[PDB]
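*Asks:* One letter stands for each residue in the lines below.
There are 2 protein chains.
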Amino acid sequence: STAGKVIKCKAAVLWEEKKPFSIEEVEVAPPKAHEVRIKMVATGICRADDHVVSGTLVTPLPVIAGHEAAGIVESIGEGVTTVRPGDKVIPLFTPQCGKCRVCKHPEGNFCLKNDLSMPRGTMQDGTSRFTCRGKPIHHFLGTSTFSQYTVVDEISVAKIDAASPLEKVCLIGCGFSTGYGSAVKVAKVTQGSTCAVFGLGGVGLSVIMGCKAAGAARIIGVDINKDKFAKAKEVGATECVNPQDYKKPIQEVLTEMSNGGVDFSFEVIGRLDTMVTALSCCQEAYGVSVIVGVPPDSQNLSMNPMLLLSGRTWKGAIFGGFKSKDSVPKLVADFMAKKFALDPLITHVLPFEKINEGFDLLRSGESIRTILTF
Amino acid sequence: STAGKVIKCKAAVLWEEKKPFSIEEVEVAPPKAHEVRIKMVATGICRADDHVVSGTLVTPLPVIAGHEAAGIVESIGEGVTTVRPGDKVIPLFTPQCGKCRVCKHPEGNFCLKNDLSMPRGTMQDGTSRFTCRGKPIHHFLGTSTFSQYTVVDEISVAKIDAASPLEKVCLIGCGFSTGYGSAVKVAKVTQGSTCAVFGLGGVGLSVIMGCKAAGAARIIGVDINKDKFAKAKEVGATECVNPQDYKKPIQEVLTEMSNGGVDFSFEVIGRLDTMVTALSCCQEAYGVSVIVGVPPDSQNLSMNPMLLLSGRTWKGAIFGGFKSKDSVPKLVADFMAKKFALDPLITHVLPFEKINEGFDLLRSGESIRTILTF
Ligand SMILES: NC(=O)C1=CN([C@@H]2O[C@H](COP(=O)(O)OP(=O)(O)OC[C@H]3O[C@@H](n4cnc5c(N)ncnc54)[C@H](O)[C@@H]3O)[C@@H](O)[C@H]2O)C=CC1
Ligand SMILES: NC(=O)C1=CN([C@@H]2O[C@H](COP(=O)(O)OP(=O)(O)OC[C@H]3O[C@@H](n4cnc5c(N)ncnc54)[C@H](O)[C@@H]3O)[C@@H](O)[C@H]2O)C=CC1
Ligand SMILES: O=CNC1CCCCC1
Ligand SMILES: O=CNC1CCCCC1
Ligand SMILES: [Co+2]
Ligand SMILES: [Co+2]
Ligand SMILES: [Zn+2]
Ligand SMILES: [Zn+2]
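Taken in order, these protein sequences are the chains called A and B. First residue of the first sequence? That's 1 in this note's numbering, and the numbers climb one at a time after it. First residue of the second sequence? That's 375 in this note's numbering, and the numbers climb one at a time after it.
In isolation and in its complexed conformation, chain A is listed as follows:
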């Protein structure tokens, strides 16, 4: 009834940076070749969506943001083979094209046909499928989920289990998979190790879940907001430190606590001071430090190269190092087999028309994750 026809629906347009999302009528063009139109069911509010608003993340505007989501395929374009109308899918803000040198590499997952490095805010072919108030409107990371209907390229969508509870597994689109992957696939946390997690937000809690799944002996959570401590021990943190409670700098504190340094340290905040600090607190001969948080744009850190030269490893990752197309289905299937929980991360559920309340709730620090439902 709608296949091949323009669809009119509501979307949260961001006309300019640091303002309010405006629920407006939009036209959604039908999918062209190797494109997929999806009817959204639930979308999460992630810190990266706020960075677009605050200007912390530069992407062309006006934009339809959002990138944690689950939806139902409404129609598929010419040549699509991997999904089907009626299929449950999750958009992938990191594509997996299967052809470039990164997709061929056994480990790397930053596919070269992504929209992170040099955001164009368009589809793969360079156009836009969104028109509102007569004019055209930009995409976000090739996903754009803050809309009732969206169009994504086939390389940016993964089919999942048809029984999945869509309104919970949308976290696998970013928040959970990122933190969980940073532990088990990027840092490759070893059993019996000691871990330090800087940041007890949604992503940081998922790091802890990863560390625990890897069987870490001790998992120390670090956050200046002590209210985030309860949830952290809930999901596996063995102890929690507030750096404000200590006279010494925190890397010193964590070094003493761990008898000379932690085996794995995770920066899950997005600050340059805590990146250098996370690296310092891991053991000098073979600590591993993973950067998960995204710093403010175009801005360098200072660090002493001596920290690395004694044996430290310093690495970072997008989307927890997971090849998206490949890993999202397997992650959903592990959730269906109850191999990990996602309820502890969901603190607020709001109808989609309340997107601005969900965002005001993120800047408040109250939420871990707010889910918008359509």
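Calculated from the structure, these hints are not laboratory results. Ideal Cβ placement from N, Cα and C applies to all residues, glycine included. One thing to keep in mind: the hints can contain errors.
[Claimed, not checked] 20 Å max Cα-Cα, derived SDA-like pairs, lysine to any residue:
#, chain 1, residue 1, chain 2, residue 2
1, A, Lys99, B, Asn633
2, A, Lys188, B, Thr564
3, B, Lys478, A, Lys113
4, B, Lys487, A, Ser258
5, A, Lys315, B, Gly634
6, A, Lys113, B, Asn633
7, B, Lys413, B, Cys506
8, A, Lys188, B, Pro480
9, A, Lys113, B, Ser632
10, A, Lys104, B, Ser632
11, A, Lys315, B, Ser676
12, A, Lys104, B, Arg592
13, A, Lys226, A, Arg271
14, B, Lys478, A, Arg218
15, A, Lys99, B, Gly566
16, A, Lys113, B, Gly634
17, B, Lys478, A, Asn259
18, A, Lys315, B, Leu646
[Stated by the list, open to error] Below, a sample of chain A positions facing chain B; criterion: calculated Cβ distance under 7 Å:
#, residue
19, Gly108
20, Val241
21, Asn300
22, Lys315
Place chain B with the ligands on chain A using the hints.
*Replies:* Below, chain B with the ligands alone, put in the same frame as chain A:
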């Protein structure tokens, strides 16, 4: 007629900074508990020994430097259950105590008993076995090979095969296994990969040899001294670039050459700007950059943490990551099973006395190694 008895011999004493070595009669003391005294046969002249003259490396003075050597044991103290008078040994500037947190780790090698973090110029008991002109002379990294006889601790020495040539295998004591180990053990160069090696001195050539043995398909050597390209190509470099020759930054050049980045990059110079350059020229999603060169005292580098967030890995190491007491005896039999050559590294052979000319050589930049013969 030497055991337990004080020995007099010639030794290269460094009385202060920025001065020529002074070959003098010294009093080498007897081995105490768990110590070993060694008569030297051949010793190398590495950059680190020169950094002690200038000030690029602080350690107490007067000192008997030198850390790359081979000799034979003459006598041993009480508790020595690992070597015997007359067997060939190589002193290790990185000890392997076998009891500390690092020595028991599967991967670490920066043993906590070193004298690198807080150099202190003594044996492990805090005293000195060297006396010259009546005054106690400090040690250097627990080795001190610029003397005809020396006393090291048991943890700072490994027995090698009894038929090995001591005018060649001494480079396993530093130069070779540092560079070689950085490729094969630290980076773990995968076979079929593209490598970029910054700096084509003694250590850099060793990195290159590690890259070939690892099965690398392309090995690009980077140096501003185009006189080093011949050896580089002789021992494995497929290509050599001089950054002075190009109108563009060298990492742009290397990114084009490698079609978007190298798999592994190595900084074997010791400069802050080439460290972030080497990191940048390796593939943004799965590249690995190993720091081997040692920078000047203090002086923090500045870098964009976005280089790591996309998937890069950045690490450094001491002694190529080799656990010293274990690896050294192995790497010698390797040379004894002819798994690799050490001829192209040794360029100048001087009698020990004329030590200074060897440094003049080194500062000249005219050589790879120079071996001093006893
Ligand atoms: N590399 C990737 O692929 C991804 C990166 N991210 C980034 O992960 C980071 C964390 O994400 P969320 O948990 O959702 O954000 P969040 O704001 O909910 O969590 C941040 C936590 O860090 C705490 N914190 C703030 N300053 C601190 C300080 N000086 N010291 C210690 N703790 C401090 C805060 O109290 C807060 O609890 C974000 O920067 C996000 O952009 C998001 C997902 C994927
Ligand atoms: N991490 C560890 O365990 C150890 C570290 N090292 C360090 O390795 C480094 C190199 O060792 P060597 O080969 O013996 O010294 P070297 O002086 O023979 O080699 C340095 C090379 O770098 C070249 N170079 C200088 N500036 C350059 C620039 N801007 N761009 C490109 N090339 C440049 C020079 O032409 C020179 O050939 C030293 O800094 C040494 O302290 C040495 C032994 C062990
Ligand atoms: O949080 C989701 N995506 C992020 C990944 C890191 C760069 C900014 C966008
Ligand atoms: O070259 C030998 N030893 C080096 C090891 C790294 C720090 C400086 C001294
Ligand atoms: Co996100
Ligand atoms: Co050396
Ligand atoms: Zn790809
Ligand atoms: Zn040890």
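*Asks:* So which hints don't hold here, by number, going up?
*Replies:* Hints 3 and 20 not satisfied by this model.
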